[PDB]
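Single chain ahead, by itself, as structure tokens, in the form deposited in one PDB entry.
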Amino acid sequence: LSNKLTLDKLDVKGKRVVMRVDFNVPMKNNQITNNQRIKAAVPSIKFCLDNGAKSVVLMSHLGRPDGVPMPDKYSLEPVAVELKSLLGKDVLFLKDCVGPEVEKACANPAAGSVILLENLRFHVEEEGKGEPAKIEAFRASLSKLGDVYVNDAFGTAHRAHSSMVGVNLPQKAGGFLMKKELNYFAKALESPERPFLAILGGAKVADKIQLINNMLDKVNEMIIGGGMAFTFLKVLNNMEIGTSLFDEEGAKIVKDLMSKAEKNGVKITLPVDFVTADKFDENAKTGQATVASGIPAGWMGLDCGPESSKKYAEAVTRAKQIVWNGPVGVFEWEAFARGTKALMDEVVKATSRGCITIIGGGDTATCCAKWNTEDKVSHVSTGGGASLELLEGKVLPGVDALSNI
């Protein structure tokens, strides 16, 4: 951020600070399962308060409510409560993020007020799809909630959304988490140790399959696992995949990706076996499948199997540097957690013999919390797709929108 205003040089004394954070925390049975992303923004928030900010107004999305208010499923209210404990200051939660009543609560707050707005994506104008004059007015309304803007939302920095690129105030500063994450990656990605392995799993198939093309110019090996694999196996193996995650658009580029991997000497490791489920439920009935057998109609692959785990371990053993985003199964549910656990064990072992290991993402970082490996890998990042976009070599929209120095 040499070229960009950062919080360390932003005068906040007597200023209302409006701050985009990534508080898109994982949830389960209505409770936060990992407060990593909330803790990560505390240094910027504390800094503002300690240096005399009149207020800090915090704004984030949570999940993908698709521009419709969904307070029953995707409310940020629970975050406010967790933020109080972490901060040592109370936080006011507002039930919306714009305009008239929110604008009043933020216009002239009591000194030192911390305020958390409701889910930005309850409004279509944040993304805005899921409408030009209304997008302008959405952005104008957010711009009113402070005098200066800070973006500490590393995990969302790849998104050119209204709250990330559309705030119109004279001073737009990168926060300390943004700086910490960009600095770590700049160093780690400058001259990666080789072989450099990327591990891509998870469930955001439509988005993340589109990142593979550029990643293939940077890495020497790739594991394509979790939800990502089924699109590849259907196209390449003509495998029956039941109701497993499948991306129609990405299917159309799978063969081109494999050609480019061959051209670039990138070894691709796909799973060869699976733990299956009769429905998307923690208590689903379960089965086993292989690529040869296919997955039965109406069943889904929710974890890889033992032979896949062995192949993954073999790639990890070869690697001198690893970036991992996306669990290789539905590790939140114990019936589908073994593959991710096994891969985590191998990544920890790699770290202990000198592998540089970077694990990132809202959900993938939760694997580290779940198995107590946050201090047994080289770096745990608050960015998932955001990190993958850095690996591709892009400038992130949330960074690009900051004020030049």
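Only the largest set of C-alpha atoms that superpose within 1.5 Å between the two forms is called the rigid core. Positions refer to the first chain, counted from 1. Residues that one form lacks are left out of the comparison. Compared with the form deposited in another entry:
Of the residues listed here (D147, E82, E332, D96), only one shifts its CA by 2 angstroms or more between the two forms after fitting on the rigid core, and it is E332. Note on conformational change between the two forms: two rigid parts, with the smaller rotated by 24° relative to the larger (from C-alpha fits).
After superposition on the rigid core, stretches of three or more consecutive residues whose Cα atoms move by at least 2 Å between the two forms are found at 191-359, 375-379.
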Given for the second form:
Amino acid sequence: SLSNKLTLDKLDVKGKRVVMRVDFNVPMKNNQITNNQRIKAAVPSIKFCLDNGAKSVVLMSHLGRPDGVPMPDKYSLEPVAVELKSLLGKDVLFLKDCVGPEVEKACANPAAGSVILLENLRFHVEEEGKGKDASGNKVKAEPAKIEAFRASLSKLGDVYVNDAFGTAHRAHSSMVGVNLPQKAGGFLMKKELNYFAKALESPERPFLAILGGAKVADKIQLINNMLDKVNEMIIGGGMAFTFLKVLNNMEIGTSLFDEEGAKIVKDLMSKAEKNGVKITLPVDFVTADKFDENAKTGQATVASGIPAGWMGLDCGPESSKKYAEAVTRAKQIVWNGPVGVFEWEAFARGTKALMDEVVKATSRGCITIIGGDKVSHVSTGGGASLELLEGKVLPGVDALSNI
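Next up, the form deposited in another entry, please; the one we just looked at was the form deposited in one PDB entry.
Shown next is a single chain and nothing more.
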């Protein structure tokens, strides 16, 4: 819903300084970006600004959850700066803080065409407006300090842009408290909301949802809301053992069992049933002797049970084939969460096999949407997508200027 908000295509940025909230919270290992998808997604708004005559583009984001303590040794945005520079073909001035004297001066009037990335916002308790101390307790933020944090951010540009879709569910100071006459939705913000609004309000049918993940209790709302829209639905990952234990009394050994979500499984199945949704659960498995990448692997079916002391970490071949048949009937697919422990090659086969079917479906004309160009749309969303789909309002979209 961006018919009534100001958006970038209309903002005149010529000779103007631009502050842009983006989502550069990327997955990392050992100070190394493991996935630069969130960085690439931000490129077209940045380019447009630079191309249209921007004095400067100042970029701000969080990374991980450092809970209002500075952690530049574990959670620094510096690695992103180096990545952004290559992608952009431009120099990137990395600043080691996000508010204050040094930052405001550095951004006061940069050389024409400067791209500037600030340090992790969540190094300041005032970004969330709450935090944890070094003894792990409930530290309250100070209103006067929040007003100062925000007022410092409002200095780094003449105009504001939110291209931060992956964070749009967060009412944080960088997301709703920036004070400037013009607050615009960037091109990503627009692309994301257009794909998910078309997918949900004029779906191509048959419409398939694939939902995977570890726990059930936290997806009740998602599943319910999806169950009113979709023609089919796959339920996969460690969340399916809860389902199979209740609907089939499968012996799951040490596989994950959501004791709470177990009590409403019945109601989900009942609403699916009355709505005519076909529920596709896994029927076989790759089992492991412990929660380890280098565990000993086995195999099991619903008929056979998983032996005791062993746990299920990936669906198997016959489950793969079942998933594929739903993929074949679909004209639209929304996929959220893995069907197994794809992190680990031994347990990655189900997700790979499945990605292939979804890719092949795209070639025939299926609209395929996956969570954060072989598919229609790879979302940066993940957690914000889930809230989009639970029907809830996005603090990041609501705070943009009205026309």
